[PDB]
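Single-letter residue listing:
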Amino acid sequence: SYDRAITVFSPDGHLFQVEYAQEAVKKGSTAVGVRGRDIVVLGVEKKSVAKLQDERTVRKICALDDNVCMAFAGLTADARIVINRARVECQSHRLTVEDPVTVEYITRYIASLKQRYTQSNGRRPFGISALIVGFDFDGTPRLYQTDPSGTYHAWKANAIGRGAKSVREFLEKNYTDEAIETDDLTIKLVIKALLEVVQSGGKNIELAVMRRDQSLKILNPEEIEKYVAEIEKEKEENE
Amino acid sequence: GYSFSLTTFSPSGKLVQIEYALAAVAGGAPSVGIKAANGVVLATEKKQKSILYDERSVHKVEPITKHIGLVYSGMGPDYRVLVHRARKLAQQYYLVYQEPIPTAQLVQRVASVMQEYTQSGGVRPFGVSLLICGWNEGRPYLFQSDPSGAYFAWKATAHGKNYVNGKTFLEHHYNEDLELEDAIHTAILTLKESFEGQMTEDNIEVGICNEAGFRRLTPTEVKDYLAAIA
Amino acid sequence: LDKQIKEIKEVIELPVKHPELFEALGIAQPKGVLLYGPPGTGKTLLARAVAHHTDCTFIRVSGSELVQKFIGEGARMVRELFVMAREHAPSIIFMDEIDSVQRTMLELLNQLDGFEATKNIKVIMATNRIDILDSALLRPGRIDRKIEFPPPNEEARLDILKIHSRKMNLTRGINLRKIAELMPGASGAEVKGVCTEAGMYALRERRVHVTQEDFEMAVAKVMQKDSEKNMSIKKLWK
Amino acid sequence: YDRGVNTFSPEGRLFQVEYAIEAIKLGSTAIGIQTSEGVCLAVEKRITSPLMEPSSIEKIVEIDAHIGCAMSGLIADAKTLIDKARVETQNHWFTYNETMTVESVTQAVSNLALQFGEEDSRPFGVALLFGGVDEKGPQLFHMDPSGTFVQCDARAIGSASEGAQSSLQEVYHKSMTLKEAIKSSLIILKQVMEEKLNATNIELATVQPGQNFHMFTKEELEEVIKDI
Amino acid sequence: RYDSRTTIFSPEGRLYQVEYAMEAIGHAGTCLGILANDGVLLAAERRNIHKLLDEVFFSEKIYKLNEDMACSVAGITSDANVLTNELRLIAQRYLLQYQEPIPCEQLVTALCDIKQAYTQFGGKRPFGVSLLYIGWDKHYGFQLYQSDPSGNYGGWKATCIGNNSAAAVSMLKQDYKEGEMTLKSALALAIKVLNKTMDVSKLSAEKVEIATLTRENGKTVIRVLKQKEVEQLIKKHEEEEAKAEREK
Amino acid sequence: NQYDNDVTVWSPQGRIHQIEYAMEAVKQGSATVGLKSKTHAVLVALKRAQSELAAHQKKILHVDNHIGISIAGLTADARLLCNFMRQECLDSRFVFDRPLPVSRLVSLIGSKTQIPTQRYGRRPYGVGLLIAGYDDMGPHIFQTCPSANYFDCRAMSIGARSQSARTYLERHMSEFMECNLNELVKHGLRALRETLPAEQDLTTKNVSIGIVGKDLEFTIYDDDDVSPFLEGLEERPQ
Amino acid sequence: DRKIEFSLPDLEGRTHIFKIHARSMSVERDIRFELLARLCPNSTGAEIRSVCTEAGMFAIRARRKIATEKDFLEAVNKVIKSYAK
Amino acid sequence: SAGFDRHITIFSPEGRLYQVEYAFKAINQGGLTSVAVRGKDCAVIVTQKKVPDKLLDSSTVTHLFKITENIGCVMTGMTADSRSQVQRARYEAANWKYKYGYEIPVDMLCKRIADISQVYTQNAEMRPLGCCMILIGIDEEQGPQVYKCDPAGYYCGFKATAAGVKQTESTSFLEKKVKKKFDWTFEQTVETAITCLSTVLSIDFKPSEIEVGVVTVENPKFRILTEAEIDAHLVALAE
Amino acid sequence: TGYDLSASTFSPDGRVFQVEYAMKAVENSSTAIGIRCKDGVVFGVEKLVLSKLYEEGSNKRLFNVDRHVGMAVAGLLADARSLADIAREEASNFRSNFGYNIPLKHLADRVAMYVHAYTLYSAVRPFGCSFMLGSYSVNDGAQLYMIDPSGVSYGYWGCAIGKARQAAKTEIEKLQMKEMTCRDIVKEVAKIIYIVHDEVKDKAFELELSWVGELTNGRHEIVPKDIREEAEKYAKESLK
Ligand SMILES: Nc1ncnc2c1ncn2[C@@H]1O[C@H](COP(=O)(O)OP(=O)(O)O)[C@@H](O)[C@H]1O
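Protein chains in written order, with the entry's author numbering: chain L, 2 to 240; chain J, 5 to 234; chain C, 154 to 253, 269 to 406; chain P, 8 to 127, 134 to 241; chain K, 4 to 251; chain M, 4 to 241; chain A, 338 to 422; chain H, 6 to 244; chain N, 5 to 244.
Just so you know, the hints here were simulated from the structure itself, not pulled from any lab data.
Think of the CB as a built atom: it goes at the ideal place given N, C-alpha and C, for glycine as much as any other residue.
Any given hint could be a false lead.
[To be verified] Here are the simulated distance ranges between beta carbons:
#1 J/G201 - K/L55: 24 to 34 Å
#2 N/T174 - H/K181: 37 to 47 Å
#3 L/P12 - J/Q123: 55 to 65 Å
#4 H/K181 - C/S215: 33 to 43 Å
#5 C/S395 - H/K181: 12 to 22 Å
#6 J/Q202 - H/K186: 16 to 26 Å
#7 H/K186 - J/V100: 18 to 28 Å
#8 N/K205 - M/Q5: 42 to 52 Å
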C-alpha cells in the first residue's frame, strides 16, 4: 500500500499522508511561545510585509477568548477557519454550559477537530500547527501546541519546525528550570529566541504577551526594538 | 492525461474535460444569430440521414417567453432538457417577481444552471452552446451561453462545425445599423456559407424576436426567404 | 531583437574571448545559459549564430530525443554528448524545447554540476513556454541568467522582412513599413512566413511578382494559422 | 490487494488491517501484569524534550477508579478510544448504578473498534492494555486494532514488545505477588528502552483489589529508583 | 503523480492543485487596485476587444454590490459569477440580521473561508477566481483587498492580479505614492501601469474598464468610467510622455 | 488480476474470487467439532492459546438458551453475527413469545450475509460458524459460510487440520444417532484429537464444549465441564 | 529436496555468535558476552558482526591496542539504538 | 478513442458519444429488425419474431406491446431492458392521464422516455437502457404518427423508420419507396413494410416469424394482428 | 477484457461481459428441470451429496412460498435463497394490495425486472442462479416460467437449467406435453434426471421433485418419493 489515500496504512503501519501534513507545517514559518513565571509570551516573525502590503491584514495573532490567543503557521485559510471554529466553540460553551470555559476544553476541542477532519477521505486535514496559551489553570499559566495529526501536548516552551531546528535547540540548551524571572525576563528570553530566529531586524517582528491574570496584551514595534537592543547590549557585555 | 476527471486542474491551469465538451459544440449543427436595429434573428440549419423523418415533428428554435428566441448547436437531448429547465426557471421567476424573465436575467440563470453540471465526476456538462435573443426596454439584444457555465454578448455570432468562416463572413459583412429583413438575409447567407447543399424549408428554421413578441418562421416563409437569396 | 545578442555574447562570446578576466578576478567561469521566449523566433537562430562567431563546435539537440520516454538511453546518452564535446574543445552544446524522465533530469543536473569549464564548453538550453520545472533549473552552477525573447516590434518585424528581402525583387514602390504594421504581436518565423507565403504567391502567377499587394494577402493566409481556435479560446476558457 | 478493508486477500487475510497491526510496532512499549495481589501497568516514555510536560503524554490514563488503562500507538486514536471507554463506563453506571466490569469495557470499546469497513473508515492504529479489580478479582486484558480481546496474566505491547514479552514469559507465572511482578517489569524496561530508569522516562500504574483507586504513581517511583 | 486530487498531500508537502489555480489566474486578466487617497479605484483590461462582442451590460469585469462596495473580476467566468452572486447573498444576510452595512474585511474573509472549504473537501474544485474589491465602512473607511482561490485575503495599498503581474507590482513599487496620492494621481498611475503591462501603444479606451468610489460625496457613491473620460485620460498620458520626450 | 475488486466483479470463469478468499479465511480458523444425537446437539472447540501468561481465545458464543454457535474466522464479523442472532432471538421471544426455530434464523442469516455479496461497499461476513440448536420441530447442528450459504450437518468440522476430524465423523456416523450425552461428547473429543499435532494434546485450557438438548438449555462447557469429559477419550497409539 | 529454515538467533545463538566473532578480535578475556547478547534484541547475526567491528572502531579511535567491554557496550548502543531510534 | 470510452460521463478528446455507440452495439447484437411506416390515415409496425426454439410458448416471447389502448409499441434489444422501458412508458402514460386528465399523444410519451434516457446518460450511477423505442398513435383530428426514441435520448417523428440489425438496408428500401406521392393506404403500407423486411432478411417467412401491429384514424384502437390475418396479408402480397 | 469489470460498463461492441459471466456461472451449476402437464407443473432437481457430513435432506434446492406457485433453482444457493426471499416479498405485496392471487406471468415479470435491476447499477452484480416458476390458475390457464440471472424470463412447455442444458432440452423434446397428465410427467422427469449424467464424473447425487397442478387445488406440494417409488424405479428401468 502507498500514500495515495488518507485512510490507507503503509505496509509497515505508517500513515504517510498525516506525515505529509506535519511536513507541510514544517515548511511553515517560525512560531515559538513560552510560559514565564506568570506571563505567557509569544513572538511573531518572518512576516516580511513588503512595502505595498499592509501589516494589519497579516493577523499576526488572533485571540480566541480573553485567556487564549492563536495565530498558527502554514496555510492562512486553514488557520482562519480553525480560529473561527475555536472562537465559536469557546464562546458558545461559556454561554451555554452551567459553568464557564477553561483552556483545557478548547485544547481538547481543537485536537478533536483536527482528528475528525483527518479521519475520512474526501476531507483534507488542516496543514497548520499552533502553540496554545491558557490563563486559567486555577489562575496559573500553561502552554500547549497543536498538530495536523490531531495531536496536542503541554510544554514549558515549544516551537515548530522552521523555528524548531535552531530556536528550539537553543531553548533546550538555555531554558532554566527556574521560570524566567518576571515578565521582563520572559520577554528577554522571547527576544533571545527571536535572535536565534533568522533576521531579527524588527521590520516585521511583533509580540503579544499575556500575564495569566491580566488579559492579552499587544506589544508595539518600538518596545520590541528597545528590547532587542537591550538583548544585543547584554550580549555585548557578555565578552 | 488529465481529462479523465473534471474535478482537477491541469498543470497548465486548464480544464481539459470542459474543452472537449466544447468540441461537441463544434460537432453541433451550425446556427447563425445576429441582431438588427428593429429586432434580432436566430437562424439554424438541419439535415437528415434520410428523408424518412418528419422534419417538422420537432423544432430547433424554441422560445422561453412570448418574446424570447433561443437556438442551440449540440446534441438534441441535452438541449431539450436544458430548455425544459430554462422554461421552468422562467416560470418560477414570473411567479416570484410577477414579471416575465428579462433577457439578461434569463441568460445568467441558465448559465448558472449549466454550471451546476460542472462539478463532481458523476455528472457531465451539456455538449450544447445556446444562442439567446430577446426584446428589453424597447431595444433588441442577443447573447450566448456555453458549457463553461458563462455568457457573452454578441452583435453578430454563429457557432457549430465550420464556424470560423461564419465568423469571417460576419466580420466582413455585419454592421450595427442593419434592418431585420436584411438581417434574416445575412443570416441565411452565412448559414449557406457555413453548410453545404441546398438550403430549403426542410433544411432551415429561423426565429425572429419582435419587440412585442417572438415568432418562428413558417415553412412557406422559409421557402420564400431562402429562395432569391440575392 | 538586440538585447539577446549582448547578454548571450557576455555569457558565451565573452567567456570565449577573454578567459584572463575571470582568472584575474578569481571567479568560476559562467557555465550555463537558458532562453525564454516563443518557440524559435531567433532562439536557434541565435545559438547557431554565436557558435559561428566563436568558431566552436555546435551541438544541436531537439527536445524530442530528450524525452525518449521509455528509459531509452537518457541515463548515458547525456554523458556521450558531453565527452565528445570535451574531445572537440572549445565547443558549444545547444538543446531546444526542454518542455517537450525525471531520472535523466537529475543525471543532467549532476553532469552540469560536475564537468569542468577548463575547455570553454558551455550549455545553452532553450525553452518555449513558462513551466514550473523551468524555474527550478535556475540553480547555482547550472544557469546564470534569464534572456527573454519578446515578440518583434513594428520596426523589428520590418527588419526581419528586410533580412529575407535581399533575394526578393520589388515593384516601383514597395513600402515594407506599411506591410510591417499589419501583424501586431506576430512572432519572428511568421514574419519569415509572410515572406515565405509570399513565395508561392509568385508561383500563383508563374513569373516575377513580389508585389506590394502580394504581401497584403500573403499576410492573410499566414495569420489564420496563427489564429482560428484563438477566437473560440475566449469562449472556451472564459 | 491493498485499496481497502472491504477486500479479501488471496489467503483470506486482510492486507489493510494487518498493517494496522504493524502500526503497533511504531508505538512505544507498555507492560501490563495481572497478579492476585493486584494489577499493574508500566509505560515507557523515552523523554522527547525537557520542555514537555511529562504527564501530557496520555499513554497512562484512567477510565474509572476500579480500572486501569495503558496505550501503545498513535496518541490521537488512543485518546478517541480512551474517551469512548470513559463514556461507556459512565453511561453503564448511570443506567445500572454500578461499576462497569472490565470485560464489559473491553467488549464495548471493541464495537467502536469494529467500524473500519462494516458501517454503511480505517482501523485505529492503537493497541491497549486494560487492568481492572472487580467482581472477578484482579484482571488484565489486551486488545488490538483487529478488535480481538484477551484476558492476560501478563502482556507487553509496542516497540520491542517481542523481547520484553519473551523475557516476561520466562520469569512470570500466574501466582506471583504484585511487587515482584512490578520488579520484573521494571528490570525488563530498564533493559530495553534507554538507561537507568526514572520518573522522566518511565511511567508506572497499579491498582489493587483492596485499593480500587489511584492506579497512578507520582514520585513514589523513588522507592523503585532506590530499589531497582 | 501526486497532483490528482485536492485532498491529498504530496511527499514535499505542497498542494499542486491550488498552485495550478494560482497559475490559472496567472493568465486570467490584468486587474489592479490603485494606491489612492480621497477616492479609491479599480482598473481592469478586457481580453475581449472585438468588433462584434456587444458588452450589453456596459461592464463585464466590474460588478457593484452595495452603495459602498464594488468588485473587479479576473478568472473563470462561471466561478466569478457564482462568487459575485454569493457575495451579494452574504451582504443581504448581514444587512438582514444586523440592519447595518457589512465590514469589508468580514465579508471578504467569509468568502475566503467558503473558498477554503470548497478546496478542502473531496470531489470539489478550487474557485480559480481572484477578484479585487473596495469599500468604505465605519471600522476602517477606505479599504482595498484581494482574494485568491486558496482562501487567503490580501490587504494592499495597491496591488494587481492577472497576467504580467510582476511588471505591475514592480513599477507600483517604483512609481509608488503615499498620503497625498489623490484619485487623479491614481488615474495617471493606472494609465501608466496598463500601458506598460499591455503591449499596445496609445492604449485604446475600449480595452480598459475602470470604476471608482468617491467620499467627497460622503453619503458615498461608486462610478464606472465611460469611454470619453477614459479617452481624455489617454490623451493626458500621451501628452505627458510627449513632454517627457521633450525633456531630453 | 483485474478481477479481484469487490464482490460485484463476476469472473469469466464463473466465480468471484473474493468469496473463495472468504472460504480460505474460514480455513484460517482453528479446528472445530460439531455433532448431535437424536436428543442432544454438541459442538466441541479447540481454544487457541497465545502464551503461558495469556488466556486462550474463546470459540463458543451464547446466542439463546436453545441455540448455540461456534466461530472460526476474524472474530470481528463473528461477534457481529453473534449479536445479530441474539437480536433476532430476542425479537422472536418478544413478538409471539416463542423460542425461534433454528432453520428460520439460519435462513435470515443467509439473506443478511448474501446482501453484501451483491452490493459494493461491504465485504461479505468472512467467518465460519457452527450452530447448535434445539427447537420444538427438531434437533439441529448447522454450519454456515461467508458465501452466504449454510449446511445442516449431522456432524461437521471446520478449520485447519479439520480433514482428519471430518474422516473421523464420516466413519462413525453409523453410531451417534442414539448415543447418550456422555458418549456424544466422547465422540466429539475423539474427533478433536484427530486434528491434534503429535506435539500437542487436549486439556481443559484449550478445549471448549457447548451442549443443547430438548430438556437441557444451551450452555457453554468450558474447563470445569471439560474436566470430567476428558476421561474416556481414545488414546494416541501408533 | 530439503527446506532449511533460518531464524533470528536466540540468547544462546547470540552468545555463540559473539563468542565466534570476538574470538578473532583483540580484547580482554573477561567480557560478559551473555550480558551483551541478552542486551541484544532480535538483532540478526550481521548485527552481531557489525557491533563487534564497531567496538573495535571505538577502541581504535582511542588507539587502544586492546578493546574493552565498554567498547562493546557503546557499540551496542550505537548500532542497535541508532537504528531503533 | 480508447481509454476515454470506459465511462459514460467522460467525454473523449474528440468529444464523442462513445458509450452511446456502445449501447447501440449492444442493441445490434440481438439479431432482430423492426420498421414503422406512416400512411395517409394509418400507422403500421411490424417486427421479426425470430422464435429460437419450439419448447417455449410463443405467447411469452412477443415484442409488440400495448402501452395505451390507442398506442402501439415495438422492441429491439435485450429482453430485460425492453420490458423495463415498456413498463416505464406505461407508468409515464398512466401518470400523465392522472395529472392532466386528457390524452397523452405518442409525441409526449416518446419525448418523456427520451428525456429520462438522457438523464441516465447524464449521471454515471446507472447504465443507459441499451434498446430502442418505436411507437404509433393517432393525433387529434390530424392523423397518425410514428416516433423513434433511442438510448441516446434522440427523439423525432418519422414518415417511415427502421430499427434492429438491418438499419441501413431497410431505411434505403423505405427511402426508395417514399419518394413518390401516392395513396399510401393501410394495405399498401403494411404490404410495403412486409416486403421491405422480406427482402432485407431475404427469407420466405412463415407466419410465426413476424408480429404485426397497426393503428389507424378509422380504428384508433391499437391492434396486434392475428396469425390468420398475417396469412391474409401474405396472400395479398402473393400477387 | 478491460470493458468487463462492471455490470454497468458497456463493451465496445455487444453487451456487458458481466451478464455473460453470470449466465455461464449458471451453466456450471447443478441441473434443474421443470415440465408442465395440461393442468399442472412438475420440477426436478439434482443435488450433490457433499460429504457424508451431509444430513440426507439438508440445504435442498426446492423452495415454495405461494398459495399456487412452485419454484426450483439451478445456481449458487445463496443467491437462490435471496431470490426466493424477493419472490416471497413480491407475492406477499401483491396479495396484500390486490387481494388475490398474482398471475405467474406478472410475478415472473416483476421478479425478472428486479433481477435485471441488480445488473443495471455498478455497485451491484448480476445473480448467480437461474430458477423456474410453476403454477396453475383456474381463471385463465396453466403456466410455466423460466427466469435467468440476466433478468430475462420466458414461458416454456418444458425447460432445463444446469450442466445438462442441451441434452435435457432434447429429452424434453421427445415428450408430448400438450396432452399428457402430470402423473406420467413425474416418471419421465425422474428418468430424464437419472439418464443425464447422474454420476459420470460426479460421485453421486440426490434427486428431489416438485409438483403443482389443478388436481391439487392449485397449490404446490413436494411430490413424495417416500411413497410408491414409481419414478425412482422408472429411472432404473433406463439403466439398460
Ligand atoms: N528575429 C528573426 N529575424 C529573422 N529571422 C528569424 C527571426 N526569428 C526567427 N527567424 C526565422 O526562424 C528560423 C530559425 O529558427 P528559429 O525560429 O530561430 O528557431 P527554431 O528552429 O527553434 O524554430 C530562420 O529560418 C529564420 O528565418
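Could you see if the CB distance from L/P12 to J/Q123 stays within 55 to 65 Å? violated, 35 Å
Could one say that the CB atoms of N/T174 and H/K181 fall in the range 37 to 47 Å? holds, 45 Å
Please check whether J/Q202 and H/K186 have a Cβ separation lying inside 16 to 26 Å. Since the Cβ atoms of J/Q202 and H/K186 sit about 20 Å apart, the hinted range of 16 to 26 Å holds.
For the hint 42 to 52 Å, verify it against the beta carbon of N/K205 and that of M/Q5. violated, 31 Å
Range hint compliance [Cβ, J/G201 to K/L55, 24 to 34 Å]: holds, 27 Å
C/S215 and H/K181 - C-beta distance against the hinted 33 to 43 Å: violated, 58 Å
Look at the Cβ atoms of H/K186 and J/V100 and judge whether their distance stays inside 18 to 28 Å. Roughly 52 Å apart at Cβ, these two residues miss the hinted range, so it is violated.
Could you check the hint for me, namely that C/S395 and H/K181 are 12 to 22 Å apart, CB to CB? Violated: the Cβ-Cβ distance is about 46 Å, outside 12 to 22 Å.
In terms of the numbered hints stated before, the structure departs from hints 3, 4, 5, 7, 8, listed from lowest to highest.
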